[PDB]
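Q: Each chain, letter by letter, is given below.
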Amino acid sequence: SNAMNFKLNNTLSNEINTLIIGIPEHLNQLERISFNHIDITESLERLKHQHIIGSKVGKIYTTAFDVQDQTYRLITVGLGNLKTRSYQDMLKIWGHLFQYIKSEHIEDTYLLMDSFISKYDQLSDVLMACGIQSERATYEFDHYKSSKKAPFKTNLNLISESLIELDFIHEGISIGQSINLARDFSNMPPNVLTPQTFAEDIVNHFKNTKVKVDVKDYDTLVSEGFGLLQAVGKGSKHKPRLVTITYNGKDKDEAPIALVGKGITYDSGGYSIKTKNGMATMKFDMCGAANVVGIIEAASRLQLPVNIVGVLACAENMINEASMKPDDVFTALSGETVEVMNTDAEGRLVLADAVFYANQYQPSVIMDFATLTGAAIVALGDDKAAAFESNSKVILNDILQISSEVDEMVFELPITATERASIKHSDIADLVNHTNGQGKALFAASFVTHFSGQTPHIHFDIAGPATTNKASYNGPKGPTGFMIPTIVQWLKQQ
Amino acid sequence: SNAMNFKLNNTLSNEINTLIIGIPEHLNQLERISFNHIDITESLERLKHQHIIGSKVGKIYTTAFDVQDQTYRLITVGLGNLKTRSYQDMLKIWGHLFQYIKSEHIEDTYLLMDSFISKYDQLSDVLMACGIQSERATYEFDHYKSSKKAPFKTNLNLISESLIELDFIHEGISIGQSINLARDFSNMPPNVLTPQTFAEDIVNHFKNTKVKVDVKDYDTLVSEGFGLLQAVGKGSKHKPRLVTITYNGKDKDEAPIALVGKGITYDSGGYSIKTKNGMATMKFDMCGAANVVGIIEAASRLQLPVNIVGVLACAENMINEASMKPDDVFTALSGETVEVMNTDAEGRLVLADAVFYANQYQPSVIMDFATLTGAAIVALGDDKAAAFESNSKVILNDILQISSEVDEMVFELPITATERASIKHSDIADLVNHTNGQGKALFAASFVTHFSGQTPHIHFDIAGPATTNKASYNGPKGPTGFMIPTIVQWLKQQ
Amino acid sequence: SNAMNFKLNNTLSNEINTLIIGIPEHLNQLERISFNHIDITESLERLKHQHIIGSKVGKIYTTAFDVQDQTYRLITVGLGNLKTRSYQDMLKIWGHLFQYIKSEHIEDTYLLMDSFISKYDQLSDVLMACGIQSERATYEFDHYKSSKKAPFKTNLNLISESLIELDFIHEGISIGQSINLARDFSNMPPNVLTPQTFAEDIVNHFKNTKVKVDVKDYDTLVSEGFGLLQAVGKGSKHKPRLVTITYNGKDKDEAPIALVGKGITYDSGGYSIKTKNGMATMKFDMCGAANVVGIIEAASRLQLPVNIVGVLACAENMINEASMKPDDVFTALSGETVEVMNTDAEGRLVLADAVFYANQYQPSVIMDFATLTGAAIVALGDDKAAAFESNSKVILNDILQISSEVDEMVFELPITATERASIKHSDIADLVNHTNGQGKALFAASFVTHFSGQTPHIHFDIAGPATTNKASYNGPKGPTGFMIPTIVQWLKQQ
Ligand SMILES: [Cl-]
Ligand SMILES: [Cl-]
Ligand SMILES: [Cl-]
Ligand SMILES: [Cl-]
Ligand SMILES: [Cl-]
Ligand SMILES: [Cl-]
Ligand SMILES: [Cl-]
Ligand SMILES: [Cl-]
Ligand SMILES: [Cl-]
Ligand SMILES: [Cl-]
Ligand SMILES: [Cl-]
Ligand SMILES: [Cl-]
Ligand SMILES: [Cl-]
Ligand SMILES: [Cl-]
Ligand SMILES: [Cl-]
Ligand SMILES: [Cl-]
Ligand SMILES: [Cl-]
Ligand code: NA
Ligand code: NA
Ligand code: NA
Ligand code: NA
Ligand code: NA
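As they're listed, the protein sequences go chains A, B and C. Under the working numbering, think of the first position of the first sequence as 1, with each following residue one higher. Under the working numbering, think of the first position of the second sequence as 1001, with each following residue one higher. Under the working numbering, think of the first position of the third sequence as 2001, with each following residue one higher.
If we strip away everything but chain A, and leave its shape as in the complex, we get:
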């Protein structure tokens, strides 16, 4: 069910006494604002001049507002200069607004949509942002709180002089709810969300949908030779799982798009144990898998004409009497031998088996999503994602463009001859999973992209931007659902 209830010009009743208007830097840049049958432009101009309301981007102003005999509660959100209003600004505008609406427990209000739409922007971008933020900005994970407040519906009565389509908002809502679905999996405690229960939850979620889900249990995945996934997950009581998700949106026998996700439900580091502060927030080590589920959820609900195969490598990296150790040599699904020198480099191992398995489906492109390396955070900062291409320079360039347009910072790092050679620097095995040298993020990418062969492969290291430690217009602390907006937008263009 939805956080907001969107209604278009159905009725105008005495029950409702709350009004929402967007305020730009220059009011004359909009078509004269009118509520009921009265022009209210000059009264808003006086309130702006008195500094009772303002235009600062995303700032909330409230005031008592008289129109005719009735006194209304006016809610103002600043739009800034309409000429220089970015997509980020739109997210900030809708974000702060819906957050205010929810925290003030407002159940019934008018929304003057014409004050948000300018001559400068296309209708779809404003309504898309409106739809997404109505779910994404108002997200909360209070399921384990004893003092959780009862969920309520906010009725938004949209008033527009020339608007009929409401589909662009409903499109945004389904994307926003897909992001929140990913967030829910990520926020889940590791003692509750194990590889098994994670698989079971995915099955139950897609049970009555067009999306097919296959779960490969522990004794199947070992006998089928998933050696690396076995190695990583064997140290836990809760054994690893492989989840295959298929969505046939165009139904043609056409080569699917492979989306691979790292589903490490908890990472202790294994025998290469993490520090005290290092283990904090390690339930978020499966964000990659969660975000893949979100992308497929969005694609299916939007009924996009695309074929997608999703592969999730789920495991729990734990210490016990028989868990993986440095010096251990395992046989990958590819048949290649891998020497493990660092058990905290577990992500690239499970991705390797998953990528090789994904390539069996003969996809047009493979995209993997993982919270892999600390070095990627050191490289680009906590708020940007690292992207690596292997035989897919063109598809990456499109994604780097799309991401910059949807307020998601993604930047390229290289895979050179150095990294292609150094993954083979083992005295015993075909491959090694760790280097003591620098450029560790590049090494990890080289390791993962090796298993795709010549198939176009993009690796996304989202160790940084997958989570945030600061609340914003995009929602509270925790999982961000990073990449979902970018990939969905890219999928829309296929």
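It is worth saying that the hints were derived from the structure and are not from the lab. Misleading hints may appear alongside valid ones.
Once the Cα atoms are required to be at most 30 Å apart in a straight line, the calculated DSS-like pairs of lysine-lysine come out as [said to hold, decoys possible]:
(1) C:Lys2153 <-> C:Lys2477
(2) B:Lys1274 <-> A:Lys325
(3) C:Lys2148 <-> A:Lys59
Starting from the known structure of chain A, fit chains B and C with the ligands onto it as the hints suggest.
A: Frame of chain A; chains B and C with the ligands shown alone:
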């Protein structure tokens, strides 16, 4: 069996040729010292003048001493100035004396008690110290040594011109033996003393006494909802236990005094693993529980008119395939959810379940004893205990007074609005068990005292003074039995 | 000059169109609120019911407000429940209000003072908080910014039906300005504020006042035997200074109150060098000296009938060819020899010389203020101060009471026989400045309080609360002026 055998004015035997006298700074401040019927004051004055004997507090002097025809072995212990003789001085005097007696393998000796008693001190304080130190100062844990010497009895023939009651010494002995009982549990190797065997030993010890013992096994803990105790102890082969100890010293119906003890038989830190030097001496992480047992042992043997309920939360904090991890969320006995961010903060977790359980008995006051925080040691040093009050400002003030009178350094640290708020700083659960900020000892206290509600609660962080790395007049290295003297004295006043 | 311009019952001006009212949880608890000649209580009740304004403590609400013809800008600050309104609440109320007024660049406004005063609280407390926060909450240090905005005066036209005395506000302003004076010294860059320039600034500040200032230059220090102050400061190009500040508020010759301040303008740690993050914000290592200056500034401007002598030990702890080293032995002003084992324990060294010098004036009490120990922060947290008494148990108890009443968290830590003995644990000198054992804050206090002899001495370790890393109702990040409110209040009661 007792270390010393106290006999009052027993026949002056020719088999005995050893003599003990206390020597003050001024011999004229005492009643003329006489042995047999002979006045020996002047001869002791000459030996003091020749520096053959002296008065320095707790210093042992020995000499050949002629009285009549027979040559005696004279043993002298300094008393210092009798005007300025503290209770600590008395412990130092009796402590060093009985230690010398035991190391010299003396089996039969006279003790001139009149030389130890002055007009300035209370007779009861001297004889109390005498009784305690006869057991406490002479303590040794040589049960795992192959070269352990055979235990022997020292016959102390007390000579006093005007003394009849010997009950104040026997009172001290039973207190001293209670301290040693606590020490025995603490010194026990962790591979021998597990939560199960610890519970079993308590049952067997109180089997034929007025003290009732109930043991709650692992299956009972889980089905009754001891979630936090379960969480801490599940990682060990030796599963947790809850031990309930009841002593009804006065009445069936009068509100008991709750004594809660942390019984972590071994603390590795869990996945938040300790350093090499950090794990050393971690068998002492159950000193709190051991000292509660000691307090109840003393109260019952002294037949004090008080009702006591003792609750011990026993577990072993270990690493395995399914042990607790940072990010884990558990349901406490209170019904509240707790996010675990640091598995080395295990003490406050087991105390939380124990305190809530203790409060079901509707006690007049709850007192918990635990080796909790390193920050408490940083705060007050290794030799002082940290005390925290919650709705019991008055009872604490009495205890702070009593402790300073029985040579036990205990000082107050605060629980403010800051700490009461910060235990709730979790993005997912009702409570969090760890802060990255400072004032960690205050946080831990706030966490523990939360579970008592409005019931008067005093928390004792004895991480420092529960053990000593230096031998002294109070005994050898290891467990000190800290707080036992203070609480017993407080219980005597109810 | 002043940040706010307070005018009481000033002429009704036709140009002022801004109005400030305090809003409680129940409006009927106040005397019926009236502006101009109109009762506005029931119109405010409707706005509160519509959630246009509210009562949440310290929350700002604004709205268009019609009274008669003219439309006013109404500014509302919540007061909460008037029955349970603490002094902290008052600071939060005035703090957030004046911060809003300044950030909104408001130059002329009405203030309905009667809405802030209740039958439940003392009048003097409301106006005191109003005065302090008008300066303290609005503080900014933008002197080194190129884009610093021009300072402006806000005219506050107070409207009260029964109020004449304005002196309680002017009293608060002078206290607030004294806090800001201390903040200015603390915020000053260490390459600008050296011991010399710090001394020069103090001279120039008190030049035309009742306060006398004496500066002891480097040559005078060594020749007069300030050995410890010399030792600490000799490694810098900018040599140490001793600043003596005398204020005779009552009597030509009556025992003064000694206020000693640590004036380390910069602390690198010396040869016991700090880490990278350790040196950050070390210009605040002279907050103690700055706050003493603030206290004396407040006392003199309030013309309090007290005698005060202020002693400031100013130095810069630097590394060079001849700076102090571990193993160095120096002769203190007392004539005692001190072995330096840790050059980062520089504070206790300069305080020692300053305290001994202060005692020459034969004060009734000595109070020192210093950012000394990291262990004090570990003990009580970053937001509380550690207080230690030596022969002044009574005066401390009064200060601990006063502080809790003026929203300043100060708590006692002990100085025991252990600490009194351990400061003498040197193989070579009379004293040692550092222990490798725990309880380091207690050790430091013992070291400092040693030099006062038997004179009543209170030591304040303000390492934590002297600075804040978070903006609040008390002002921006940086120096807090901690202790100034507490000591001034204490001085008012002499
Ligand atoms: Cl505009
Ligand atoms: Cl193999
Ligand atoms: Cl990895
Ligand atoms: Cl296949
Ligand atoms: Cl291959
Ligand atoms: Cl002595
Ligand atoms: Cl004497
Ligand atoms: Cl749960
Ligand atoms: Cl703990
Ligand atoms: Cl019960
Ligand atoms: Cl409770
Ligand atoms: Cl009220
Ligand atoms: Cl409130
Ligand atoms: Cl010298
Ligand atoms: Cl220091
Ligand atoms: Cl002088
Ligand atoms: Cl001295
Ligand atoms: Na490849
Ligand atoms: Na992050
Ligand atoms: Na409590
Ligand atoms: Na003193
Ligand atoms: Na600080």
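Q: Can you confirm whether the C-alpha distance between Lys2153 (chain C) and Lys2477 (chain C) stays at or below 30 Å?
A: Judged against 30 Å, a Cα distance of about 23 Å means the pair holds.
Q: Next pair to validate is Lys2148 (chain C) with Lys59 (chain A); report whether the Cα-Cα distance is within 30 Å.
A: Status holds; Cα separation ~24 Å.
Q: Does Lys325 (chain A) sit within 30 Å of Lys1274 (chain B), going by the straight-line distance between their CA atoms?
A: Judged against 30 Å, a Cα distance of about 20 Å means the pair holds.
Checked against the numbered hints above, the structure breaks none of them.
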